[PDB]
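There is one chain below, alone, in structure tokens, taken in the form deposited without the partner chain.
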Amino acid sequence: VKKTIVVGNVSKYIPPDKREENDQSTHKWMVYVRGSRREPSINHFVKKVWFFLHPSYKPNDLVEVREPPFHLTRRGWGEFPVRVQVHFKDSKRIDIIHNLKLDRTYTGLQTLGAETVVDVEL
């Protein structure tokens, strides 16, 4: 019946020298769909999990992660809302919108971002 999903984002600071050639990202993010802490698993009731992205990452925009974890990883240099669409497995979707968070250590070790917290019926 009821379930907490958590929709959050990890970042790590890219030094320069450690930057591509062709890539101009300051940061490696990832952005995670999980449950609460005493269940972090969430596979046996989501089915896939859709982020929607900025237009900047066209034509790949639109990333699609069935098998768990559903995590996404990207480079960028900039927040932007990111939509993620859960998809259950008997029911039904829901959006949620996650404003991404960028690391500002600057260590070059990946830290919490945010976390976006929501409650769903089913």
Second form
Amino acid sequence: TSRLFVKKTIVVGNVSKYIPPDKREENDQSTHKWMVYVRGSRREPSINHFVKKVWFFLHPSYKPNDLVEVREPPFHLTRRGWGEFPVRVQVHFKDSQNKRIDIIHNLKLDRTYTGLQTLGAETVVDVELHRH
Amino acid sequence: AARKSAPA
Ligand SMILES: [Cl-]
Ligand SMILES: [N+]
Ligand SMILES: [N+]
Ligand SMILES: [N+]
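Please move on to the form solved in complex with the partner chain, as the form deposited without the partner chain is already shown.
Below: every chain and molecule of the assembly, starting with the one above.
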């Protein structure tokens, strides 16, 4: 409905934990566990108001689970891995008028190698959507 | 082309 919008903040981040050989089974090449999350800003952190679902596109190595739909919050994706790669985060909005957006998030894996969770990276974008 | 590399 017409020409008014709101600017909204969307944050895509990633955290990672290193998995020591002492904690992987015989045939498990996963050196890391990571968690990509999608969130709003400090002012309002819950994007459930205006977000319908999130599509996570991943590297072909994750086939057949390279495409993941998180419908209801928290919009998080946890997986095991060995490699860094651009994660394509595709957001769909509850309002039919606002078209979907892709956010390319560069996954950053931990290199402290202490086996503890660390903060990898963060991608921040401003989104426009029909207010009314 | 889809590229993936390990940190270490
Ligand atoms: Cl380096
Ligand atoms: N915001
Ligand atoms: N964990
Ligand atoms: N879900």
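Take the two forms, find the largest set of C-alpha atoms that superpose within 1.5 Å, and that set is the rigid core. Residue numbers count along the first chain shown, from 1.
Taking 2 Å as the criterion, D17 does not count as shifted between these two forms: its C-alpha moves by less than this amount when the rigid core is aligned.
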